[PDB]
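With one protein chain withheld, the remaining protein chains of the complex are depicted in position.
By written order: A, B and C. Residues from 1 in each chain.
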Amino acid sequence: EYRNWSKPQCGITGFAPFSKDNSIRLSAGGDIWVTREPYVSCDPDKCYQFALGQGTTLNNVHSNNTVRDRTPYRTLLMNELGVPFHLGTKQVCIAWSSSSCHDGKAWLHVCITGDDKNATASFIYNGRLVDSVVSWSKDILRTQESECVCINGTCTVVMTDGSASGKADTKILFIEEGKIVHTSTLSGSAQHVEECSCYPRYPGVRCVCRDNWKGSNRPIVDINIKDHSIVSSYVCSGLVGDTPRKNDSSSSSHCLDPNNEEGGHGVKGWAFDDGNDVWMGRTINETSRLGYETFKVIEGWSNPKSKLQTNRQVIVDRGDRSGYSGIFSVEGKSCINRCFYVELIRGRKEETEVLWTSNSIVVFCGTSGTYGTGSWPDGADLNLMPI
Amino acid sequence: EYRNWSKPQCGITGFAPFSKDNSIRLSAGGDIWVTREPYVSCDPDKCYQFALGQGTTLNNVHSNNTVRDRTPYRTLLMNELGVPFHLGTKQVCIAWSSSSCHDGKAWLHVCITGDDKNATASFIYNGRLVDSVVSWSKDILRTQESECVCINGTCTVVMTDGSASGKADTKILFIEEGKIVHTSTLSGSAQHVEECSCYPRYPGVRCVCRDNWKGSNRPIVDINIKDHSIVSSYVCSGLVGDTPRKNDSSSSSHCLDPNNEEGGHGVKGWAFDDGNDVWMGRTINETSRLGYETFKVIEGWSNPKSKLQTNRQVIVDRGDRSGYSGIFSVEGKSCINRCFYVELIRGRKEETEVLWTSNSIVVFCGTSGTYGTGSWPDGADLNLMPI
Amino acid sequence: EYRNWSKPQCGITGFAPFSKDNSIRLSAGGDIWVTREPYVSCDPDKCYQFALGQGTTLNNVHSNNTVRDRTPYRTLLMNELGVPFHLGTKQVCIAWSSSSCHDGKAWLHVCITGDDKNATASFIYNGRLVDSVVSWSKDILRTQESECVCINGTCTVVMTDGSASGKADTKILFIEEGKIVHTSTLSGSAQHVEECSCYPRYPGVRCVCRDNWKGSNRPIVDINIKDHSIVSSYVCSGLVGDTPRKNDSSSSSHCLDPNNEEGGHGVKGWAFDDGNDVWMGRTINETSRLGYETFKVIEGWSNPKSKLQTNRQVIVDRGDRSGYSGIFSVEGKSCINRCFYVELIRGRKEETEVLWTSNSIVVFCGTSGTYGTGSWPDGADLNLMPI
Partner (left out) sequence: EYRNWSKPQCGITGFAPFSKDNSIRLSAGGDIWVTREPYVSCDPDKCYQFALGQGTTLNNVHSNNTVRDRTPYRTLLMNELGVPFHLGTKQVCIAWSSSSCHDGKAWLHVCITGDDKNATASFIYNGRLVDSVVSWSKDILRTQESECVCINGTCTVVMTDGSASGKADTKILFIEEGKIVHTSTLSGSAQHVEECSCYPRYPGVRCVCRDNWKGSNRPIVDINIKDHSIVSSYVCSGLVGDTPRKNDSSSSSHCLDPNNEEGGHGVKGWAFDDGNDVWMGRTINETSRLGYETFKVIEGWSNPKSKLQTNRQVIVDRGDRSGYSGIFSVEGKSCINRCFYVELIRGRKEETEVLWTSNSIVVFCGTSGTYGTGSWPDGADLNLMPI
């Protein structure tokens, strides 16, 4: 019954289109939730889309000023992958920061809400609140904003608390059926860890996070489910996946330290290793969240100084808006597949023709077959949309 | 198969956020039922939200004059906890007063509708009408407006018939698979019992009710599911839970009689005992349904005169609107958890910029862990909402 | 697995409120189907509501001229009892005349559509067309517009083909798993048989129909499931149940023939026997479909002269609009319960304030307990409703 993820990783030549919600285009006519920070997590049968709602729909007076990150009205929305967030969507918890797990038996939802300086993380398993923890650093308590990983019934979630531009207290929480059985402080050379994209790498869990303080390379967290040991490093690929960053010719990376190159900010992204190579996704624009591309870097997991990429796919065209991206793993007949979602942010603080901020999602899954090219942007025309 | 509730009560240090519907905020764009008197009740798998609809949506001509409590068009709406009352919501019965039960096998709905002087209580178990009873006092027959409790197949419901300002005929009905197998009149020191927040306290059921006549101290009712024996008293804490009430310094309780302190009105509320202590919720405002706080009174269940607060939590900010609150119990892996919901009333008779009266809910569940602070109001701005 | 209906009839002292959809009231804000001729049928777990949609919602340009009975766009809508016919409602077949069956294993739908003089009846069982029959009299082929009855896997449906103002070819069709295994021409003294309300009277099926030709007393069709025998008579009760009819002073019934009293025209209605007594429902208004009452006539199933009324209930107030009414049976724990629905027609012809014709439904179920009084009309204000 419990998921162990003991199958090997599927061979990947690239990624094929999997799902698209068209949320903003459907919002022009119809009642669609205002969302941001989405992710995808699958039970053994089907996949689900999650998002942090803003307590309002897009064609709504309350969609004004929905660029704010933390409000009391934010809830975690949960639909089947493909079903857009309409008025029949279930909100499973109060959360302006979220992470969701299926251990093979039931869903685990990790939900953070409340005051910025005194925040509660609620742990809801099988529809019941099982445990809760208060912010330890008395700062903005935040979690992965993506799917977490359960192996043998033990789910791991990464939680950060403290300064976003300085030393912060990151904890790895071990949850069994909604109950916190252990809490390990982050160890290793990753100095700043935030919004980890975690995937099962049996016998443990590997997380690729964002360094929001001093690195454009992505921190790596390796979690051993049995021993509970934590080790930290950075993605060694010379092509860094964080935005902002330097250009490919000028960007540099380090196997153990942040590269100190346009690292003061960041975006949620993902990466996974295929032997010594790394499969990564990032925004095409080096400074803004415009476009999205995925590629494989040869020896990009074991060698800094490697800027040799291949199998590049354009997910979102460079002229179109992207946002958070994360990984999620789907068990196959014989192997574990790696899939990723891209959040397509539209609205305020970058497009001022509307008063709201919302997102769409495009989902791609790894394939061992062949694929073509294309681009799958949000596609809404905000000049004609209600304000 | 039949829920017994024989597990002990979970150790509670407070309550963690559980659910929020944002009903009024979603009403501004989208078709949402006009509801009042909500409550939460869970089958052994997931929790459900209930409310008494007004036969209309909010952006509707029929949402005017919806402050009225008893209309022929009121129905009991039932969704999964989290799903807002959209047009796909199932109205399970006709009722302007309702109570719902799950005994572990099927749902029991107690639904009261009809003429105020001659009302019918229909008992629907497993989707069928199994029994019905007429008013005995030929006055407004009313029930809990919250979850009832079923132990070993037998569900107990408190029903009141008579004046809200003088002796009323309160009966406890024992229902097995929808059939009324016993009816016992209320006996004990509580003289006005209405809208009882009942919870399982094995081997019995304990209800904390509203005295609309002479009390600010909430009445208590204890049912022996075995001897169909009913005992009545009041809550002993010197910090009373009813609204209106006196200051915290000037208030008193007797917990064998009403305190005769500003007791000429009331609001549905909850309290449960933790040894000699009492966990209780109330409005922060002593005169109006503004704000909501929960706290634990030291020896507040046994010592009239205890006013020692601890573990206070602000659920709704004092400036924000609250309403009915009630308790519901969720079975855990080793203990029984106590959770509560707060109805957030918005609209007429207190906010005259709209013509409708409706509510959202916020749900909190007892936690043995830690939590922070916050406030989770309705959040809808009625100045911009359709009138 | 197959339903036999072998239990006796539950002792009925009257009827208690069961369900109310508030369709027209919710139509003012929200997308609700335009329907007419509804009915209720239940599978061994839930009750479903059916209606003949007009291919449009109420707030729609196509709701104009929805007073037409037979259009190519009419489909049979099927929702759970309580869920209003919103946009997510499933239309199970094309039909402007319908009847639905659950034999304990799967749903049977008898759907009539096509030309008025060459109508086609489709038989859909378990989601599949199993059989089809053409109109045999080349006039409006019609069926019960209510639930049909299956015993031991054999469902029986009453179909009429011919004129509404004279003799018509009424046939009784025996259907097994969607397949017509036998077709019996109507036999007996009933001269015009239409829109039968059938209930299981084990070992057979009893149908109370309307005479649209020469009688205000309701015809009876007795169907033997074992022998496929058909027997026809009239409800003997001197208080006739059809509309139009004579006043209670001048009503007469023959118990074998139509009474020749305002018998032209009619409304779909219901009746069932309780020993020698009859439980029947009818419009309060003798000439119009205004109001609804249910009562019991003492010795009304055997004595053509009995006018002794008792146990009268007002379902819809005298000034409010009723419509079609029909019976459906629910298997209880020890007996078979009889329930009835009343269609609440609103709109064109009678109410010229709107351009559409639609309906709401109110459902009552038999009870052995006590009950009060009340009135549950449609309750929509058509002066403010969109036209």
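The working rule: contacts are C-beta pairs under 8 Å (C-beta built on N, C-alpha and C of every residue); 3 or more make two chains touch, one makes a residue touch a chain.
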{"item": "Visible chains in contact with the missing one", "value": "A, C"}
{"item": "Sole residue of C:94, C:336, C:342 or C:354 that reaches the chain not shown, by the stated touch rule", "value": "C:94"}
{"item": "Options A:28, A:255 or A:308, residue touching the unrepresented chain", "value": "A:28"}
{"item": "Per the touch definition above, residue among C:9, C:57 or C:325 touching the missing chain", "value": "C:57"}
{"item": "Hidden partner chain, residues of chain C it touches", "value": "31, 53, 55-63, 71-73, 75, 87-94, 111, 113-115, 118-120, 122, 124, 126-135, 177, 180"}
{"item": "Those residues of chain A which, in the complete complex, touch the missing chain", "value": "16-22, 25-26, 28-32, 42, 45-47, 80-84, 86-88, 330, 332-333, 337, 339, 362, 365-377, 379-381, 384-385"}
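In this section, only the chains that are shown with their structure count from here on.
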{"item": "Touch-based graph of the chains, sorted into line, ring, star, complete or other", "value": "line"}
{"item": "Chain A, residues touching no fewer than two other chains", "value": "88"}
